[PDB]
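Participant: Given next are the chains, with one letter for each unit.
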Amino acid sequence: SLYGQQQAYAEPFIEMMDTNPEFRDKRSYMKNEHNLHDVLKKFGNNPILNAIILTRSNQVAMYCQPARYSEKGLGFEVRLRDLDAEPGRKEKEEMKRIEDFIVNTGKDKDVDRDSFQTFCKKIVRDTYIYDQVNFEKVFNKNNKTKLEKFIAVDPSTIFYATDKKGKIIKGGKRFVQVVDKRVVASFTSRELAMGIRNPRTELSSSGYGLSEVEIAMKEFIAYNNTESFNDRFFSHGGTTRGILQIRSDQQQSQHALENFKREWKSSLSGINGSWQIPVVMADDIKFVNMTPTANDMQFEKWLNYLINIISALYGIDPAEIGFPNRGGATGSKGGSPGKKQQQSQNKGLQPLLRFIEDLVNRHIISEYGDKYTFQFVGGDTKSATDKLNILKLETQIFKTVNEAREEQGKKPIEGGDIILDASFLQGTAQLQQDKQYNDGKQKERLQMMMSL
Amino acid sequence: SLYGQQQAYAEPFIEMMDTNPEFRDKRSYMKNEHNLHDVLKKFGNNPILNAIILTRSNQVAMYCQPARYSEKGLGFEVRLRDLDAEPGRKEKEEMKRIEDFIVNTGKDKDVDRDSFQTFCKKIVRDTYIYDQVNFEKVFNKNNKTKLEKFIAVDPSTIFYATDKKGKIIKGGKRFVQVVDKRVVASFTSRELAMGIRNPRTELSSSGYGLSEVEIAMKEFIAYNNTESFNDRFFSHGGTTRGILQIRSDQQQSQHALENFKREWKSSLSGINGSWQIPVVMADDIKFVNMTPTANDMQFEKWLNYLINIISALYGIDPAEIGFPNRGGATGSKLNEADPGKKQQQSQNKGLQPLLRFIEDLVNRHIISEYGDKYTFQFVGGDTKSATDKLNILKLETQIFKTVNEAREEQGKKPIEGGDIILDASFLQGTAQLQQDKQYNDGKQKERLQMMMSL
Numbered sequence: 049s050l051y052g053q054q055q056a057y058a059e060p061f062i063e064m065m066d067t068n069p070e071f072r073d074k075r076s077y078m079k080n081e082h083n084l085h086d087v088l089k090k091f092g093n094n095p096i097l098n099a100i101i102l103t104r105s106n107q108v109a110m111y112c113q114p115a116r117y118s119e120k121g122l123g124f125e126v127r128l129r130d131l132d133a134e135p136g137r138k139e140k141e142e143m144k145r146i147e148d149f150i151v152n153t154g155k156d157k158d159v160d161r162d163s164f165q166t167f168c169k170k171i172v173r174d175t176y177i178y179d180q181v182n183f184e185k186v187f188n189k190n191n192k193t194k195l196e197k198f199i200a201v202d203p204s205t206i207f208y209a210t211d212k213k214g215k216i217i218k219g220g221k222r223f224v225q226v227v228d229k230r231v232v233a234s235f236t237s238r239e240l241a242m243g244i245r246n247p248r249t250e251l252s253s254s255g256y257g258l259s260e261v262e263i264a265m266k267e268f269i270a271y272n273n274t275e276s277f278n279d280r281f282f283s284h285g286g287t288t289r290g291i292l293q294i295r296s297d298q299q300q301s302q303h304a305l306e307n308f309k310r311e312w313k314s315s316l317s318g319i320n321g322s323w324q325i326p327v328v329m330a331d332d333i334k335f336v337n338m339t340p341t342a343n344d345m346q347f348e349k350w351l352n353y354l355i356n357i358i359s360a361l362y363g364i365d366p367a368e369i370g371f372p373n374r375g376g377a378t379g380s381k382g383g384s391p392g393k394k395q396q397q398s399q400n401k402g403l404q405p406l407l408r409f410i411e412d413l414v415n416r417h418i419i420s421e422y423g424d425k426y427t428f429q430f431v432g433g434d435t436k437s438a439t440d441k442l443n444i445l446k447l448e449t450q451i452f453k454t455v456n457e458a459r460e461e462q463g464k465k466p467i468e469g470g471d472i473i474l475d476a477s478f479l480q481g482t483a484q485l486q487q488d489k490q491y492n493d494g495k496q497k498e499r500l501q502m503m504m505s506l
Numbered sequence: 049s050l051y052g053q054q055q056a057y058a059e060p061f062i063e064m065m066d067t068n069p070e071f072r073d074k075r076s077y078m079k080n081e082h083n084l085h086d087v088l089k090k091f092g093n094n095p096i097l098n099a100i101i102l103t104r105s106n107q108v109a110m111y112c113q114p115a116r117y118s119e120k121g122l123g124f125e126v127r128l129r130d131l132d133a134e135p136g137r138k139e140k141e142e143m144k145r146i147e148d149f150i151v152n153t154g155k156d157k158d159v160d161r162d163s164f165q166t167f168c169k170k171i172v173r174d175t176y177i178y179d180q181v182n183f184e185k186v187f188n189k190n191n192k193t194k195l196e197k198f199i200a201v202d203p204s205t206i207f208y209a210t211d212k213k214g215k216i217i218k219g220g221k222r223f224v225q226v227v228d229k230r231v232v233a234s235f236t237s238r239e240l241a242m243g244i245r246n247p248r249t250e251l252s253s254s255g256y257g258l259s260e261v262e263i264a265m266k267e268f269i270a271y272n273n274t275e276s277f278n279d280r281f282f283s284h285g286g287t288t289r290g291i292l293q294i295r296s297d298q299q300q301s302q303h304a305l306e307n308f309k310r311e312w313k314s315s316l317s318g319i320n321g322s323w324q325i326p327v328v329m330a331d332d333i334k335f336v337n338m339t340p341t342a343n344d345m346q347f348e349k350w351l352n353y354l355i356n357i358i359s360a361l362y363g364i365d366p367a368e369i370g371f372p373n374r375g376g377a378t379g380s381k386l387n388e389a390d391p392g393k394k395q396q397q398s399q400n401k402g403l404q405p406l407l408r409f410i411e412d413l414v415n416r417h418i419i420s421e422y423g424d425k426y427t428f429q430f431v432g433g434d435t436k437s438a439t440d441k442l443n444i445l446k447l448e449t450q451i452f453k454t455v456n457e458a459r460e461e462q463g464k465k466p467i468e469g470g471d472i473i474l475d476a477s478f479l480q481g482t483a484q485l486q487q488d489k490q491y492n493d494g495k496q497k498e499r500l501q502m503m504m505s506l
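These protein sequences, in sequence, are chains A and B. Mapping of the first sequence onto full-length UniProt numbering: residues 49 to 384, 391 to 506, in sequence order. Mapping of the second sequence onto full-length UniProt numbering: residues 49 to 381, 386 to 506, in sequence order.
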């Protein structure tokens, strides 16, 4: 079963003729193709797709460091789930250990291992080429319960394992690694993650993702063709401006024509000849124009249209990648945190972050139990000025001088323990007199009782 | 009956020729077609439709996390229905358990199961291709009353079951799953949800939805045709600029012409020849122009028009997805969304229906297992910074709260000299009442002294 025991079928009921009984083929949407990822691999050098992949992975890479050590607060943090909890002495150390483990991508430091930055760049590339991310989790050999490493794996090699009955295996070796159409490794669901951004209920989708390269493939081909078309003017074209027709009773001999070429080049070529005019006395002379006087690129609008579509599918502004955004160029105003940057982050960048977070939470942190959470966190506008303004209000509303000083680690002072509000002091000054009056009243009552 | 016992007929009175007596066919609007979803499946790879599905699903995905654990408050929450109620000790834990269940899409954690994000993405795709969402509810095998999982199911496989009398079944196995025109499963109303965005009273609609792909189908075909037209210039066309006519008393032999081609290419081709001019002494030479000097795409306006219609049907801005809006960009217009003029309206139009629909399904089908006291809602963020909370309390402490009540609500110890409102007039009042007491005390003591004297 794909997910679990269910009475609705979630896979093709009749076993389709997969090339191998042991794994599910990555069939194209129309089933016209069974080796889709080897098709997509040919586009991994596409300049537009790589410009997108690089801009996204560069943006993501800024978040890879822990926020804990980043004084601006920008980065990631490992946190307790409940916002209301205060972490225990051991919990704070466990959270710091998990952060360090993530940074190092493993228990020990090892310069030969990918950093978390390299891991994130890898899986971003994999999402945007294949829409499939895989990383293996390696447990300690002596203690299978202890996680030691996680390493990203080539998604083109990972396939769903299938039972002899053509059903996808659950509980067993759910995944296999296939190289040269033989199984070179196998994995449980515990040992290998799979992440997909564009899921489908479609039975024949067989649980695989859906690459934007597949959807946009016609556009990419059209792009390639128009680029080659515009380039071939130089590479293969005739740039010849025109034909100089000279005509007389009979054509000149080849010798005559070649020494006419010598007179020409010796009199008119380069800078040296540049402003001289030939005199020629042929019976008639004509020049036939074969090209436009001013050549430029063609199909610019077509290109813009294509790239606008591809950008809309990927969720990126064409102007982010050096194209006009058709229609979108008008307006795009905003306010507030940068007017446009904030929404251009919303478009795409936030989903990718939350996808990475989801993968990490499901696969890694779950080894440590549900009390913790991994989240990326942006900065805050909480400078010393802002914190002092906030506390300047809290000290009217809540905080005595000594509570504030204690929060700074500064010794409480005699004459603290007071709210900085004149009404509070007028109250205490009233109550003091009230106390001294009641003391007098009660003492005089007692003295009267003793007199009687 | 479709809904229930009623004296008005809600279905075609004469049984229409369904392919199978056992289930109602998904007839096309005009009944020109009986396998409509197999038609629509061919459009599921359309780039425009996929751009819409991906943008909407990505927007929805951000709400999938619980608000409880999300410090910006953005996500979903499970809540009591009444705003006036205060949750009991057990209710808070039950709500947290239900939230966790939703996140996990089931009782236990299982990496093999869809997350809520994947579920929402799936059902969004299903709504916009088919206008039909289905997910099965799986109960515990030992206790049929205990829900364990809910899983999204391929809507193209789900059909209404029909009695032998052609009536839609109610109370029994209302639904069947059909694969290869054989029944592979059956379901009660209890076990499978159906949600539809575009209902119709039309008797022959038989309770099925209405896909925008059906309505827009002509536009999608026109789009495909114009795209193929523009592409075929390279793929299949003659790009030939023109014909060089050279003319003399008789045509050259083929050998002569091929060594003329050799003189030409050896003298004029590529960068090497790029600025040389041939001299030719034919009797006459002419060049016939067969194409425009400057080619570009055609029917761009037609494309914009088509996509404008499709966008208007789906409820999305053309300019969200890289097309001109033929409603002028300044005509589209203290806040109601995330910042930015473009996004606020398309946010309203797309998300608020879609979100409220997803909520509707969750509430009717899942939460109803726990009874009506709870409600599921998506929630946006809030403008409740420390500054705003301090401003609010700075007013509440003038209007309501003594220092000690405020501090206690923070869990901070009450202070001697609290229990007072922070207003000078309040203290002047209490100082008055104090003097009043001291006066009445004096009066009463002097009354007592006179009475004892008297």
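Please note: incorrect hints may appear among the correct ones.
For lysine-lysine, the following DSSO-like pairs were computed, each having C-alpha atoms within a straight-line distance of at most 27 Å [stated by the list, open to error]: (1) B:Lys393 to B:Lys349; (2) B:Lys436 to A:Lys394; (3) B:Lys155 to B:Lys215; (4) A:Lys266 to B:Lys349; (5) B:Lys185 to A:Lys349; (6) B:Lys189 to A:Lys218; (7) B:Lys157 to A:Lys140; (8) B:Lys453 to A:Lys489; (9) B:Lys120 to A:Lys140.
Keep in mind the hints are simulated off the structure, nothing from the lab.
Participant: For every hint, state whether the structure bears it out.
Facilitator: Quick rundown of the hints versus the structure:
no.: 1; hint: B:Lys393 to B:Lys349; verdict: holds (25 Å)
no.: 2; hint: B:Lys436 to A:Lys394; verdict: holds (24 Å)
no.: 3; hint: B:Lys155 to B:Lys215; verdict: violated (37 Å)
no.: 4; hint: A:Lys266 to B:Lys349; verdict: holds (21 Å)
no.: 5; hint: B:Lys185 to A:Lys349; verdict: violated (51 Å)
no.: 6; hint: B:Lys189 to A:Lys218; verdict: holds (19 Å)
no.: 7; hint: B:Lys157 to A:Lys140; verdict: holds (25 Å)
no.: 8; hint: B:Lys453 to A:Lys489; verdict: holds (24 Å)
no.: 9; hint: B:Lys120 to A:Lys140; verdict: holds (22 Å)
Against the hints set out earlier in the document, violations occur for numbers 3 and 5.
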